[PDB]
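Q: Chain by chain, the residues:
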Amino acid sequence: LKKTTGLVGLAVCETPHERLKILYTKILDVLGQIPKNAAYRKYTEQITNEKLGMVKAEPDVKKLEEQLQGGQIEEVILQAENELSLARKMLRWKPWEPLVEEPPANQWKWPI
Amino acid sequence: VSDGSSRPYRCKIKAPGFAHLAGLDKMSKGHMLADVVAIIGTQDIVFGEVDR
Amino acid sequence: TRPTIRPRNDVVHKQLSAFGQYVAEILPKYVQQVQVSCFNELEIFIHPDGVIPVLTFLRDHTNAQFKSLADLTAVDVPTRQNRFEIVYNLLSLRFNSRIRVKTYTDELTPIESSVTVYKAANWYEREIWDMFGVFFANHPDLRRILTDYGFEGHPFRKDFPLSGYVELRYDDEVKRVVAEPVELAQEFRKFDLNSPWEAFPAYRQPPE
Amino acid sequence: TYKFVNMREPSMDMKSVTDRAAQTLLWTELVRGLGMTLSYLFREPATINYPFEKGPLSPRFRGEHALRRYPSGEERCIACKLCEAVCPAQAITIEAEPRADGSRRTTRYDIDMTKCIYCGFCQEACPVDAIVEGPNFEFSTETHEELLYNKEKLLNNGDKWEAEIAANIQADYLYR
Amino acid sequence: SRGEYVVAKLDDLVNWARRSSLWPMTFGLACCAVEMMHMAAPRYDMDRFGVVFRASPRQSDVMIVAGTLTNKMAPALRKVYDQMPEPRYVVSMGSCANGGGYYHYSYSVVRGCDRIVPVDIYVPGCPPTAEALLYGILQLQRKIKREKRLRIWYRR
Amino acid sequence: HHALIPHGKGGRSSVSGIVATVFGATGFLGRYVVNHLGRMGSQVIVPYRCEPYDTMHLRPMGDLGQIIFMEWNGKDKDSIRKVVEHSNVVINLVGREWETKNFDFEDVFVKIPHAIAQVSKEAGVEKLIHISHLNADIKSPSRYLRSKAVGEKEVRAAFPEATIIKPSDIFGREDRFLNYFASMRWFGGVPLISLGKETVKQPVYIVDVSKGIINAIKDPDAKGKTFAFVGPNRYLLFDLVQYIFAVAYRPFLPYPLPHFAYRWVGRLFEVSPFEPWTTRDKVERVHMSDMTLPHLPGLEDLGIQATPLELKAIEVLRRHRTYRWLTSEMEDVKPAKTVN
Amino acid sequence: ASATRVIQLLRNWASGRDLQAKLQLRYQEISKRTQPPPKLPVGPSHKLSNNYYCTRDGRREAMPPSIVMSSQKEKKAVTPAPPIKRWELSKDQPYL
Amino acid sequence: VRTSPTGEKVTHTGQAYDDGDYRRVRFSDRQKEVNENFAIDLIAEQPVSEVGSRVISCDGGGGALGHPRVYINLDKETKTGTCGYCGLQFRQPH
Amino acid sequence: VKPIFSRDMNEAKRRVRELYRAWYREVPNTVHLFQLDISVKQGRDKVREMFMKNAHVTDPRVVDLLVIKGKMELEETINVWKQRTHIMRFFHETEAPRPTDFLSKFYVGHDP
Ligand SMILES: NC(=O)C1=CN([C@@H]2O[C@H](COP(=O)(O)OP(=O)(O)OC[C@H]3O[C@@H](n4cnc5c(N)ncnc54)[C@H](OP(=O)(O)O)[C@@H]3O)[C@@H](O)[C@H]2O)C=CC1
Ligand code: SF4
Ligand code: SF4
Ligand code: SF4
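Protein chains in written order, with the deposited numbering: chain N, 5 to 116; chain C, 418 to 469; chain D, 43 to 250; chain H, 37 to 212; chain I, 41 to 196; chain L, 32 to 371; chain M, 2 to 74, 91 to 113; chain F, 29 to 122; chain Q, 43 to 154.
Just so you know, these hints were derived from the structure itself, not from any lab. Do not take every clue at face value.
Every beta carbon over 12 angstroms from chain H, so not counted as near; a handful from chain L, in silico [unchecked claim]:
1. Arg-90
2. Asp-94
3. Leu-95
4. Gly-96
5. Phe-100
6. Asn-104
7. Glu-128
8. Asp-138
9. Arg-204
10. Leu-267
11. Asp-363
12. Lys-365
Taking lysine-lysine and the DSS-like style, the derived pairs with C-alpha atoms no more than 30 angstroms apart in a straight line are [claimed, not checked]:
13. M:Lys-92 / N:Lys-40
14. Q:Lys-55 / N:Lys-113
15. N:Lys-98 / N:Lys-40
Positions of the beta carbon are idealized from the N, C-alpha and C atoms, including for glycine.
Construct the complete structure from the given sequences, taking the supplied hints into account.
A: Have a look at this one:
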């Protein structure tokens with residue numbers, strides 16, 4: 005059990021595997037509500053399922069951190085929480101819908 | 418940003434002191450005036466950079 | 043070989059192009075165009091409505107963890123109807139990559155504040171409002187930074203003269219520092235330096 | 037690649053505890069700082085006896101602007117105005133007309149020593165070596181107008197400092 | 041006249057006291073302040089000459105305007121100058137303070153501190169070297185040495 | 032010969048076309064005159080007999096090169112010739128309310144102005160402006176005003192086309208008129224001869240006087256005319272002093288004093304080697320009621336409407352207020368009774 | 002320096018270090034102010050043949066940015098770059 | 029360095045303040061800074077070099093310390109060739 | 043068009059009236075704190091003049107932005123961020139009167 009994560013404000017998680025499992029399952033639950041053909045859902049599910057499979061397969065925190073390549077496992081849980089919040093806000097925003105409006109005629113022309 | 422001329426069209430300088438002085442308020446919470454002087458010292462702000 | 047010319051890294055170019063397509067696919071609602079510069083920099087062009095959604099997507103890990111707002115600024119191109127081009131520079135320390143998201147606005151059209159997403163955009167957006175005339179809606183405190191307390195015009199706007207419209211001096215009669223119309227003793231000498239001959243054929247605009 | 041400042045744990049053995057207790061009660065570290073200050077008291081001071089002693093400077097020093105001449109005595113300036121063009125602060129005002137001999141000389145050459153940034157440009161830019169920032173740094177004035185130099189003033193400075201300016205240019209001309 | 045001699049000697053004493061003890065105020069706007077600190081540094085220590093930096097304007101005798109004076113800062117500079125007791129002397133250091141320097145044509149820069157406050161000695165340079173600033177301070181000391189307040193009082 | 036076309040928009044960097052030598056510019060009126068000249072863009076040549084430190088306040092008033100300080104001596108004509116050689120206008124504001132060992136009232140108000148006018152006429156200066164108190168008269172009790180009248184006669188003699196401006200007490204921040212009354216608080220009660228009921232005064236604002244001088248320089252008709260500068264309202268001395276103390280929020284304790292006792296007190300203060308707090312001439316001039324001279328043209332002729340004392344009193348007298356009344360607004364004190 | 006042996010010992014003991022070995026003030030160790038004239042080398046492009054500027058023109062080799070996607074006309094998830102490798106504690110001094 | 033009627037020292041540019049001009053006041057108790065050495069006279073004083081070649085090169089002396097090297101045609105007998113920068117004159121013998 | 047704060051001119055007029063109320067009540071406090079020598083009536087007249095200068099605006103967004111700028115200025119004045127110089131700059135005391143009749147402009151200078 006690591007004494008400190010090393011980054012101020014981030015505390016060592018006593019039960020990392022359980023927390024990661026719960027967070028990934030919740031992220032998948034939120035993704036389910038999102039339309040099937042939305043790219044966000046497909047990519048996020050792909051990433052989540054890989055992460056959850058890795059978490060379940062490996063019982064050692066250090067080996068899991070090496071496999072995930074997301075930094076210390078506490079940082080991984082923090083990223084999972086961030087993803088969950090994004091997924092929840094995504095549902096409201098509905099980014100998968102077509103472009104709101106095309107830009108003016110020469111709004112991105114440079115040199116002028 | 419360059420327009421292809423000999424003079425830059427736009428030059429924006431990102432000064433490290435800008436964001437640190439912006440966060441000075443958050444850092445100062447719960448401290449006294451001397452602590453505020455110390456915090457100003459810690460972020461190493463040169464106001465030529467901040468004001469540009 | 044070719045010592046003078048800058049070396050080119052195609053690997054980073056392909057990675058940035060792939061991630062740009064990734065972003066365009068995930069958020070087709072707001073992204074209008076994504077281009078990767080030949081110095082390996084990625085730009086995603088967004089509709090003004092998508093600043094908060096696209097920035098929140100970028101900050102949160104949909105395989106992208108841009109959690110640092112390098113800088114926020116605007117470029118005033120008077121020709122365009124939306125004369126102001128808001129530019130966001132983000133840094134992802136997890137993937138050691140930086141991407142740029144750009145949007146447009148007019149003098150009269152507000153753009154949503156990103157203080158919620160990043161929290162470093164308070165002062166940057168205040169500076170954008172002070173120099174350029176862009177107003178950021180829902181900002182915690184929008185006021186002048188870097189300009190005088192009574193300054194009226196918005197500098198950096200390509201209409202504002204470099205010397206301004208007012209000047210400050212101390213007046214003994216009123217025992218006060220008093221503003222006055224600018225009167226330069228040596229008018230700034232405008233130099234026309236552009237050459238009549240084209241320098242870069244690659245960027246030649248179509249004759250139309 | 038990365039190093040840990042702090043991140044050290046004190047020993048809990050009775051000897052180390054007693055040492056730290058002595059440090060707290062007997063003020064050892066403050067005494068160490070006092071000893072450092074005393075040692076500095078006994079070290080030789082670094083002050084130079086200005087004005088009698090002057091600080092080191094190199095031949096590439098950028099000081100008061102000066103207008104040089106050829107060995108003949110003809111002014112080197114050929115009214116190129118490129119040195120005016122490269123001035124970052126627009127501190128040089130140049131006007132020229134064909135002189136009685138027919139040569140391209142400057143009727144007006146003014147450097148505002150109050151708008152100048154002493155960048156060192158126009159010494160690199162000027163093609164004929166006419167304008168040179170000389171060694172002088174002690175040209176403070178009691179009025180603002182004294183610092184708005186004129187062609188006559190610049191030529192007088194060049195005549196005054198030509199002996200040093202030529203030697204410094206000789207020293208650094210190969211590096212340029 | 042004996043009265044003239046007494047006045048001249050008392051004026052000498054007062055001028056010597058004022059020039060020997062010149063206390064600049066801790067006022068530095070811009071890069072020129074760093075050269076001022078180097079002047080305070082051991083190599084050119086100004087304390088040898090009696091120049092001691094004192095923060096309070098009321099406990100200071102000289103204001104050195106080191107750095108660009110923006111239109112925003114000018115009222116504060118004038119306030120600090122006014123609150124400074126007299127005799128008070130102003131030294132303008134650097135091109136930015138002298139006449140605006142690199143930012144002469146900026147909207148936010150006062151094209152010289154002479155516009156806001158009277159200046160006694162102008163030190164050229166950008167940044168002026170610490171030796172140049174010391175030369176300017178000694179020139180101000182000589183200017184004080186040349187003052188004839190009591191002689192003028194006697195003659196008036 | 033020395034004629035310059037005006038150029039610019041009237042700013043600091045513009046050329047007004049006015050080259051002036053303001054004698055006695057290191058004084059209450061000189062400061063405002065020089066400031067008004069400099070703001071237009073005029074070249075101001077300042078002759079100074081004092082230490083250069085005292086002239087430093089005028090240095091920022093003009094753009095680079097506009098203000099030239101040249102040392103001059105009133106007794107020496109050659110310095111006057113040097114100062115006035117290249118000027119198209121000369122303004123004489125040299126006057127001391129207290130006599131000094133080296134220079135008495137005769138020298139400051141008669142000899143000096145006469146020498147200035149003669150040297151200006153020789154040099155070729157187009158215009159000359161001279162200042163003499165409105166109450167100036169050859170039979171007046173005060174030596175100051177008597178010498179003022181004699182000097183006016185001599186200046187008109189030397190310079191026939193000379194504008195002579197006769198101003199009343201000029202109230203301003205550096206004034207010795209309002210500050211003089213306010214400073215009387217330190218001595219306890221305010222000594223007044225006859226309690227001030229018998230004296231009527233018409234004070235003039237300093238800025239109005241300076242603007243009048245500048246407009247007179249600009250006005251072509253002003254040549255060879257005597258203008259009287261007076262304020263909008265006439266006040267009894269008692270009412271005016273009471274208003275001064277009210278605006279200063281300082282207790283007013285008027286006590287009548289016999290004229291001879293006041294003259295003796297004035298003699299006591301004359302003893303001071305430094306600038307006297309008050310003089311017998313000061314007491315006489317204060318007691319003397321301001322003359323009414325309808326014949327002479329006034330500020331209205333020059334285009335300036337006189338500012339009332341009520342508007343500008345707070346500027347002069349706020350400093351005399353204590354901490355309690357420092358922030359009190361101007362409107363709290365009602366205008367004093369006016370004898371009009 | 003010119004310090005006497007007693008003062009040198011006192012200062013060294015007070016500091017806890019040998020101050021004489023490393024002295025802040027500068028002595029004859031400094032480089033001579035006058036130096037032999039230099040002969041600066043030329044650069045790669047100083048050749049009399051095969052030096053056509055078209056080959057070595059960097060600026061003309063710049064190109065307008067490539068447009069990956071334009072609105073106006091399974092796949093594996095991708096990242097901006099490969100994830101950063103964790104830093105390794107310094108061997109010389111892991112803990113200060 | 030001639031002196032103007034007003035008593036001012038005319039500059040090499042020929043600048044002198046007319047009696048009408050009011051700007052002469054700036055030197056009332058100060059001095060007008062004029063360089064006594066005039067470039068035209070000194071350049072005239074230099075002897076004309078005689079070279080036996082139709083085209084000669086002037087670098088101003090000192091090589092890289094002088095001025096850009098220029099080649100002067102000396103064919104015309106009537107007029108000496110004059111360096112655009114240096115101002116030195118050359119002519120073919122005879 | 044997207045409204046800044048008001049969808050129609052009447053709402054912007056309401057906001058403008060609120061801002062005018064705020065300035066009108068603040069004026070005496072400004073005279074007291076800044077130790078200004080102007081009367082309260084004079085400052086309120088200056089406030090009316092500043093409001094009247096932009097009385098020609100007919101677009102709701104421009105009016106809303108003007109109200110925002112006025113609120114920022116009011117915040118500056120309510121605090122002591124603006125000095126007496128800034129407050130008195132609205133009264134152009136130092137500047138000399140500029141004639142507007144054709145003949146005076148013709149006499150004074152070449153300016154149109
Ligand atoms: N209410 C008024 O102010 C009135 C004004 N006037 C006249 O207008 C002028 C107003 O000046 P005021 O506002 O009173 O301020 P001052 O009393 O300071 O005016 C005197 C000025 O002249 C100089 N001066 C004084 N005495 C001499 C002298 N003997 N020789 C040479 N120069 C001298 C002073 O400089 P320094 O200190 O160096 O001597 C100063 O610049 C005076 O001439 C006054 O008589 C007339 C009527 C009323
Ligand atoms: S080098 Fe100097 S003197 Fe010669 S043309 Fe250039 S600016 Fe003029
Ligand atoms: S060194 Fe002086 S003259 Fe030369 S470019 Fe710099 S500021 Fe201008
Ligand atoms: S004069 Fe030069 S060194 Fe001094 S503040 Fe300005 S830019 Fe910096």
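Q: None of the hints should be skipped; say for each whether it holds.
A: Right, here's what the structure says about each hint:
1. Against the 12 angstroms criterion, L:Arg-90 falls within the reach of chain H, whose nearest CB is about 9 angstroms from its own CB.
2. Not every CB of chain H is more than 12 angstroms from the CB of L:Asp-94 (nearest about 10 angstroms), against its label as outside the interface.
3. Listed as a non-interface residue, L:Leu-95 fails to keep its Cβ farther than 12 angstroms from every Cβ of chain H; the least gap is roughly 5 angstroms.
4. Non-interface call for L:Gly-96 relative to chain H: violated, since the shortest CB-CB distance, roughly 6 angstroms, does not exceed 12 angstroms.
5. At roughly 10 angstroms, the least C-beta separation between L:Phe-100 and chain H is not larger than 12 angstroms, which violates its mark as non-interface.
6. Remark: the non-interface label on L:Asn-104 is consistent with the geometry, its nearest Cβ contact in chain H lying 23 angstroms away (cut-off 12 angstroms).
7. No beta-carbon of chain H comes within 12 angstroms of the beta-carbon of L:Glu-128; the shortest separation is about 33 angstroms.
8. The beta carbon of L:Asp-138 sits about 32 angstroms from the closest Cβ of chain H, which is more than 12 angstroms, so the claim that it is off the interface holds.
9. For L:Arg-204, the requirement that its beta carbon stay farther than 12 angstroms from each beta carbon of chain H is met, with the minimum near 27 angstroms.
10. Every CB of chain H lies more than 12 angstroms from the CB of L:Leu-267, the least distance being 50 angstroms, so the non-interface label holds.
11. With a closest Cβ-Cβ approach of about 44 angstroms to chain H, L:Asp-363 is found to remain outside the 12 angstroms limit, as its non-interface label requires.
12. With a least CB separation of 48 angstroms from chain H, L:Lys-365 remains clear of the 12 angstroms interface cut-off, as annotated.
13. A distance of roughly 15 angstroms separates the Cα atoms of M:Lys-92 and N:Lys-40; the hinted pair therefore holds under the 30 angstroms criterion.
14. The suggested pairing of Q:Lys-55 with N:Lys-113 is violated, with an alpha-carbon distance near 39 angstroms, which exceeds 30 angstroms.
15. Our distance criterion of 30 angstroms between C-alpha atoms is met by N:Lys-98 and N:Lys-40, whose separation comes to about 12 angstroms.
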